[PDB]
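Add chain B to chain A, keeping to what the hints say.
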Amino acid sequence: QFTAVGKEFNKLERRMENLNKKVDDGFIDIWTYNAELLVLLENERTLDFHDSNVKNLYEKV
Amino acid sequence: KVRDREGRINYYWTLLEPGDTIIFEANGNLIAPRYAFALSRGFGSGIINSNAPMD
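Which chain is which? The protein sequence lines are A and B, in order. With the UniProt record's numbering applied, the first sequence corresponds to residues 405 to 465, in that order. With the UniProt record's numbering applied, the second sequence corresponds to residues 235 to 289, in that order.
Same shape as in the complex, but just chain B:
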């Protein structure tokens, strides 16, 4: 029991390229998407681990 759950949900991800189509076939146990993200990208960004406050 992790956060009082013996059962779990596995999370998966993909990036549909402009023009491509995503098809979802199911008969059960699907945690379907609701909102998606249509990103633009551009380096000069990153993940930083800090305690320090913003100003």
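Looking at chain A on its own, in the form it has when it is part of the complex:
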């Protein structure tokens, strides 16, 4: 995805500055979880995939 992040707020705008912060951090939060989980969950699935393929060949013979 194309990226654009840099948003600037004045002194009497810290309510919006904090909503921008809420939004910026909120999305990094979801994505860091989403990537970190799929990497752990599918490494598990790749490791079982092999030891099944091996057995499914030991049986072939």
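Since the hints were made in silico from the structure, they are not lab data. Please note that the accuracy of each hint is not assured.
Not everything, but these chain A residues come out facing chain B in the computed CB check (under 8 Å) [as the list claims (entries may be wrong)]:
hint : residue
1    : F406
2    : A408
3    : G410
Derived Cβ-Cβ restraints for the label pairs, each shown as a range [as the list claims (entries may be wrong)]:
hint : chain 1 : residue 1 : chain 2 : residue 2 : range
4    : B       : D254      : A       : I434      : 41 to 49 Å
5    : B       : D289      : A       : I434      : 31 to 39 Å
6    : B       : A270      : A       : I434      : 22 to 30 Å
All C-beta atoms, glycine included, are put in the ideal place defined by N, C-alpha and C.
Using the frame of chain A, we list chain B on its own:
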């Protein structure tokens, strides 16, 4: 005194849409424009704060 000035100049801006007309009425204290900017726009641009050198 900000930069040795007790008096100040407030800066203002607008974007005259194609076809529109800008009229300036005054009897004093106007810091009139000299050069303007007739922009084209197009995203894939932004403001970045960096120390790092260009290559």
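Consistency of the hints with the structure:
1. Interface restraint check for A:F406: the shortest CB-CB distance to chain B comes to about 7 Å, inside 8 Å, so the restraint holds.
2. Interface hint status for A:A408: upheld, as the beta-carbon distance to the closest one in chain B is roughly 5 Å, under 8 Å.
3. A hinted interface residue such as A:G410 counts as satisfied when its beta carbon comes closer than 8 Å to some beta carbon of chain B; here the least separation is about 5 Å, so the hint holds.
4. At roughly 44 Å, the beta carbons of B:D254 and A:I434 sit within the given window of 41 to 49 Å.
5. At roughly 35 Å, the beta-carbon separation of B:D289 and A:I434 lies within the given 31 to 39 Å, and the hint holds.
6. Take B:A270 and A:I434: their Cβ atoms lie about 44 Å apart, and the range 22 to 30 Å is violated.
Hint 6 from the earlier list is the only one contradicted by this structure; the remaining hints agree with it.
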